[PDB]
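Spelled out from the first residue to the last, the chains are:
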Amino acid sequence: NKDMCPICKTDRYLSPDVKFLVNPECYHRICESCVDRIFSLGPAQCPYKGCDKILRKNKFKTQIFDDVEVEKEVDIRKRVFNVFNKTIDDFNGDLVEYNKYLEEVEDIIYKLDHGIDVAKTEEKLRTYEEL
Amino acid sequence: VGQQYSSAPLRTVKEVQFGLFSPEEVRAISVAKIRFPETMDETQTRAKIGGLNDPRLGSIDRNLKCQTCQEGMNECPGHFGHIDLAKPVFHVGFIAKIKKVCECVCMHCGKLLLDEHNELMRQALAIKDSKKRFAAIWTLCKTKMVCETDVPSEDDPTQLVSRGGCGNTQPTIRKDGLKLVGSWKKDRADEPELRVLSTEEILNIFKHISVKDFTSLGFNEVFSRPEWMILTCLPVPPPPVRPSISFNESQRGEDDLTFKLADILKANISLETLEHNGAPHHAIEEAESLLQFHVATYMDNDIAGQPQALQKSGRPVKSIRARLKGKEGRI
Amino acid sequence: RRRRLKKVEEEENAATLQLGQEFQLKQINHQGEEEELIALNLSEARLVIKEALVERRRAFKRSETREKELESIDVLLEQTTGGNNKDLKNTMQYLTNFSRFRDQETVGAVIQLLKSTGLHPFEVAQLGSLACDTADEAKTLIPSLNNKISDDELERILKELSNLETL
Amino acid sequence: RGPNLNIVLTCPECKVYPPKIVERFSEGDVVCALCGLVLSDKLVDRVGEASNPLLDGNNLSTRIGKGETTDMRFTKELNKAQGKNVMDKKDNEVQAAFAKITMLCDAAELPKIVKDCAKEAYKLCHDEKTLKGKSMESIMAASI
Amino acid sequence: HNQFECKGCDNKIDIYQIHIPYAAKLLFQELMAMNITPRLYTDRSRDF
Amino acid sequence: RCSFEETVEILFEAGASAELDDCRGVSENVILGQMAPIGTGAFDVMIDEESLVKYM
Amino acid sequence: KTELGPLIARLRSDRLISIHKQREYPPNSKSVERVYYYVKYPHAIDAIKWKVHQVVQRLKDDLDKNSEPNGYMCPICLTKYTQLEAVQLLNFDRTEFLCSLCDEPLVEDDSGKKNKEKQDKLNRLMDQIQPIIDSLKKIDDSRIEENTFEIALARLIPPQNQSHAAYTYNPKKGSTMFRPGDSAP
Amino acid sequence: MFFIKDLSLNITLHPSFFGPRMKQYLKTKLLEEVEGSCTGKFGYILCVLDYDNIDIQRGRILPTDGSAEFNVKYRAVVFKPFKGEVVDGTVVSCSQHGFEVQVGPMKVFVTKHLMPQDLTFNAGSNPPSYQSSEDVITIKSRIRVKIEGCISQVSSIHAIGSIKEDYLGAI
Amino acid sequence: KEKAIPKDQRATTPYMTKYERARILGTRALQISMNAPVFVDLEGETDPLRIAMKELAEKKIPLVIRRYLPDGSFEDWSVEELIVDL
Ligand SMILES: [Zn+2]
Ligand SMILES: [Zn+2]
Ligand SMILES: [Zn+2]
Ligand SMILES: [Zn+2]
Ligand SMILES: [Zn+2]
Ligand SMILES: [Zn+2]
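Chains as they are written, first to last, in this note's numbering: chain A, 1 to 131; chain B, 1 to 331; chain C, 1 to 167; chain D, 1 to 144; chain E, 1 to 48; chain F, 1 to 56; chain G, 1 to 185; chain H, 1 to 171; chain I, 1 to 86.
No wet-lab data here; the hints were simulated from the structure.
Hints may be right or wrong, so weigh each one.
[Stated by the list, open to error] Derived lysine-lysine pairs resembling BS3-like cross-links, with alpha carbons at most 25 Å apart:
{"hint": "1", "chain 1": "E", "residue 1": "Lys25", "chain 2": "B", "residue 2": "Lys327"}
{"hint": "2", "chain 1": "B", "residue 1": "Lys131", "chain 2": "B", "residue 2": "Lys100"}
{"hint": "3", "chain 1": "A", "residue 1": "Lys9", "chain 2": "G", "residue 2": "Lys121"}
{"hint": "4", "chain 1": "C", "residue 1": "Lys50", "chain 2": "C", "residue 2": "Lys68"}
{"hint": "5", "chain 1": "C", "residue 1": "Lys86", "chain 2": "H", "residue 2": "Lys112"}
{"hint": "6", "chain 1": "G", "residue 1": "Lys118", "chain 2": "A", "residue 2": "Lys9"}
{"hint": "7", "chain 1": "A", "residue 1": "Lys2", "chain 2": "G", "residue 2": "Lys113"}
{"hint": "8", "chain 1": "A", "residue 1": "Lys9", "chain 2": "A", "residue 2": "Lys49"}
{"hint": "9", "chain 1": "H", "residue 1": "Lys73", "chain 2": "H", "residue 2": "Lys29"}
{"hint": "10", "chain 1": "G", "residue 1": "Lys21", "chain 2": "B", "residue 2": "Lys179"}
[Unchecked claim] Chain D is nowhere near these chain G residues, computed Cβ spacing over 12 Å in every case:
{"hint": "11", "residue": "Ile19"}
{"hint": "12", "residue": "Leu98"}
{"hint": "13", "residue": "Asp103"}
{"hint": "14", "residue": "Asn123"}
{"hint": "15", "residue": "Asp134"}
{"hint": "16", "residue": "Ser142"}
{"hint": "17", "residue": "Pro159"}
Note that CB positions come from ideal geometry on N, CA and C, so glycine has one too.
Kindly produce the complete structure, drawing on both the sequences and the hints.
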């Protein structure tokens with residue numbers, strides 16, 4: 001039960017062409033065949049037992065790492081670094097200030113991943129990108 | 001009044017291309033599947049659905065429409081059905097051609113017995129016109145009684161160059177009635193081995209003939225392939241081809257083709273039931289021969305050495321070949 | 001020219017840019033020279049159709065806001081067209097009420113703008129016909145654009161299109 | 001319960017329904033009697049077999065016989081194969097009864113209709129629950 | 001309804017109408033029943 | 001060829017050989033019910049626009 | 001024998017059992033042809049693999065089909081109409097779809113609520129058919145040798161004490177005749 | 001979508017027009033027989049460009065009809081719909097089955113199954129309309145419809161669209 | 001158009017054939033019977049065939065005969081330029 005689609009249960013042995021995709025919103029594994037049949041018309045609820053978050057077909061992407069948890073960390077890290085980006089010269093060589101900044105952006109990723117305070121963190125991200 | 005106006009462009013026929021129907025094409029072309037050997041329902045009021053005179057096939061009555069095109073008798077050209085034969089059967093007009101091809105190609109691997117490595121074969125393959133090229137190929141390849149897995153090299157006799165083969169000795173095919181029987185000669189330690197080449201067996205070999213193999217024999221890949229000479233799906237001509245006449249209009253008469261088609265359905269259904277359960281091999285063979293005879297007589301009732309299909313009155317059944325040939329035929 | 005029998009033909013789908021056997025990218029004019037498929041957005045089509053109608057009117061006799069413009073096209077269409085013009089009348093009415101670029105100057109700039117992307121003629125026409133505010137909207141409304149133009153170029157193109165159009 | 005597929009010829013101009021229709025067989029035309037407008041032209045007036053719809057229902061069969069050239073071996077086996085038909089067996093019983101009815105009626109010097117009625121009477125009343133424990137001889141005699 | 005269709009070809013736009021004798025239509029249909037397919041084409045394939 | 005003799009045998013051979021008939025002879029056109037390229041049909045009658053203007 | 005016929009015929013059709021006919025010459029009776037039945041593992045495995053794939057594929061295709069719009073049908077002529085086909089047959093008032101043969105209002109088709117039922121059907125079959133795939137996976141890892149009438153005789157356990165049939169394969173001396181499906185690698 | 005296509009047609013002229021001004025009659029016939037017509041191959045033919053430079057080939061007299069057949073080569077603008085295309089239009093009519101938009105010379109049918117779940121049909125309102133929390137769809141409204149399928153006949157084209165996807169529906 | 005022999009290299013006879021005359025007269029007679037513009041003055045004639053004969057005599061038939069060749073090439077000959085001597 002580690003090489004089959006949880007919904008259609010299309011085993012790789014009988015369907016060697018089966019390809020699995022993942023969605024950033026909930027990070028669930030779904031085979032390409034199910035993606036077309038259920039999302040071609042338009043957005044729909046995720047086809048999982050206990051998942052009621054809507055998603056779009058265009059957002060599907062192939063998983064890079066084999067660990068789902070790390071995928072969430074990396075993609076969240078990519079989103080955060082798209083806004084919180086700085087270098088050593090930005091602080092004129094103040095390594096102490098740079099170290100503090102690195103922790104702040106690192107801490108922001110930690111809270112966002114585990115959802116300690118989603119509202120404040122997400123609002124914090126929203127305001128900085130405009131600057 | 002005349003025919004109704006049509007938006008399609010009007011042209012003149014410039015070329016006619018003949019060929020053979022593929023089993024897939026017959027099914028795709030067919031508008032309905034015929035599975036009942038009857039013509040009218042139990043009430044004798046309307047034609048039975050799925051029967052020989054299915055309304056979907058067309059109409060021959062001036063007061064009825066066609067269930068397909070919803071057009072009158074004078075406008076409906078007729079629509080074709082199809083019957084799925086239980087087992088493949090030969091085409092009565094191609095039995096002689098099938099025999100010649102069978103000798104040309106190997107009966108195990110479906111490869112021409114003589115390749116381009118033979119000087120005589122090269123001359124035969126160099127002939128342009130298909131008909132004489134096939135005759136030359138047949139003459140050289142009919143006498144070969146072994147597949148020649150290995151053949152001497154053209155350059156020198158010392159070494160042998162391997163060619164696609166299997167080493168099985170070819171049989172001396174003969175035509176007995178409507179069946180092709182092959183015989184094998186065994187090396188002296190005598191009596192030859194005799195068995196009947198099943199139509200399914202011959203169909204399998206014809207399917208294994210390469211595109212290059214049967215093109216040299218004169219077959220066209222797009223239109224006429226050797227495998228299609230064996231009937232697997234039988235098209236059903238529309239009612240216009242086999243109209244039902246009336247003498248006093250209180251008595252109903254059917255065309256000779258309709259009874260022949262009914263006979264094919266009855267034989268086909270009988271074979272399906274037999275092969276489904278039990279039916280020892282002896283019973284299967286006799287039923288298969290019955291299906292072959294009806295199809296052959298339906299296409300051609302005048303076969304040398306075979307019995308003639310006779311009507312209730314006793315006169316011979318008028319087949320499609322009889323209609324087309326003669327001074328009073330279609331042509 | 002000999003194998004006339006059925007061959008598996010690709011389905012007519014816009015998402016895959018498979019316009020069919022007759023609307024291929026390469027086209028041959030009546031003379032015989034090779035030409036590219038001519039795809040017109042709503043604004044370009046309105047000008048081309050109107051430019052032909054005005055020329056047609058000249059041939060016979062010789063030998064603005066949406067409201068008044070709609071009436072002006074209506075009178076011109078009837079005068080310079082024959083019977084059974086039901087389809088054309090709706091087309092002109094639809095084009096005026098849905099066209100974004102009015103005159104040649106704005107239309108010419110739009111063509112001068114989007115041809116630098118090098119996209120398919122069908123795609124560029126779609127961009128000039130549908131008004132999109134964000135790169136995501138254009139990508140989903142025109143799936144063919146995906147994996148052809150980066151969001152950086154697409155975002156600026158749409159922004160410039162919006163600033164080149166006034167009513 | 002099924003498609004209509006019925007055509008009624010009415011004069012488009014006269015519009016009178018039902019219409020007065022005259023069939024000019026010699027001219028092969030169907031013409032309106034009031035205005036003369038032709039509603040249908042090219043009217044149509046051995047390549048068949050004599051079939052009886054009632055006494056035989058819908059049963060089509062063909063016989064196998066010798067021709068100008070034929071080997072006796074093929075004829076015998078084909079007839080043997082034809083006889084061993086499960087579906088045609090059921091109808092053969094009715095035909096067999098008809099044959100015996102014909103023999104009895106013919107031996108009685110009875111008219112053709114009497115033979116026809118006896119055969120029809122057997123067919124109508126055969127294959128019924130009430131007449132299952134009665135001898136076939138009584139069944140044939142009662143029909144005759 | 002001004003609709004034409006050739007099922008088995010999945011086409012509805014490449015239809016042509018030809019005036020032929022009804023006997024000619026009967027002949028080709030009879031040949032169709034005999035597994036012979038006569039194809040009537042409105043343009044030349046090979047050069048004259 | 002089928003119009004003369006061996007009608008069915010010839011037609012079967014054509015089907016196997018996938019023969020192409022160009023319909024040049026009288027027999028083909030007579031079968032198809034179209035004007036054969038014989039006598040008055042050995043040419044095409046066209047309309048001359050260059051001459052229509054000059055006859056008035 | 002009559003009851004055995006249907007069983008052998010169906011098993012032969014699925015190629016789970018192979019047949020072999022050979023001429024026998026009893027020393028005391030006239031020669032009679034005997035029929036033997038055995039199992040050709042490559043044939044049965046090949047047949048089983050295809051059928052399992054077909055059944056799974058059919059359900060997946062059927063499940064995909066049920067996700068598409070329902071469609072339309074005519075109650076009178078029982079002719080099914082697709083959404084595209086029904087659009088062009090609507091009336092002038094453009095309020096109800098009209099049939100061609102019948103000129104009668106159409107009725108919406110069923111299968112709108114089966115989106116979940118077919119998913120349940122596929123779920124059950126995959127769980128039920130688990131041992132087959134597991135067995136096939138091990139089969140593919142190893143290599144099986146094709147069985148033959150002579151080869152099968154090596155493992156023979158005589159059924160009876162004095163069986164009339166001779167469980168021996170004495171091929172005819174130097175015979176070039178070859179029968180279909182009677183030669184194995 | 002609108003294209004500029006090169007098209008050819010076969011026009012038949014009755015002998016009554018075999019006069020010195022027959023070329024004008026052919027040009028008139030082209031406008032009356034091509035413009036406003038629908039073809040499943042090239043779509044809706046809207047307007048003929050370069051009306052003054054239409055190439056007229058020599059006419060062939062039909063044997064029995066007696067009319068001259070002319071091969072006419074012309075340049076025209078054709079509206080050809082495609083599956084997967086996104087178009088804007090106006091809702092010409094509404095009904096229980098669905099509402100159809102008017103896109104150029106074509107009408108796209110939007111089926112209830114191709115509509116979002118929230119939208120529901122309401123026949124009590126005059127005119128009938130599909131009402132939802134965010135928007136109401138009524139005759140003369142503007143809808144962005146994606147063509148989910150096209151059926152092209154020799155002289156007719158019908159399409160079905162959907163508005164379930166994002167950035168579709170009311171504009 | 002390689003099948004259209006130029007007017008300068010036409011090698012066919014300059015004389016109208018009996019079949020060409022018969023079809024031209026019949027072709028134009030049908031057009032006259034279907035209300036075609038007659039380009040010749042009529043001194044009183046009701047039969048379309050007789051009118052066509054009058055037009056042929058005065059060379060007022062606006063038709064060109066496309067004479068085909070066995071290889072598919074053709075030559076266009078106007079009725080006016082074709083000599084009618086038979
Ligand atoms: Zn899946
Ligand atoms: Zn989910
Ligand atoms: Zn019909
Ligand atoms: Zn071999
Ligand atoms: Zn009347
Ligand atoms: Zn109906």
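Where does the structure disagree with the numbered hints, that is, which hint numbers, in rising order?
5, 7, 13
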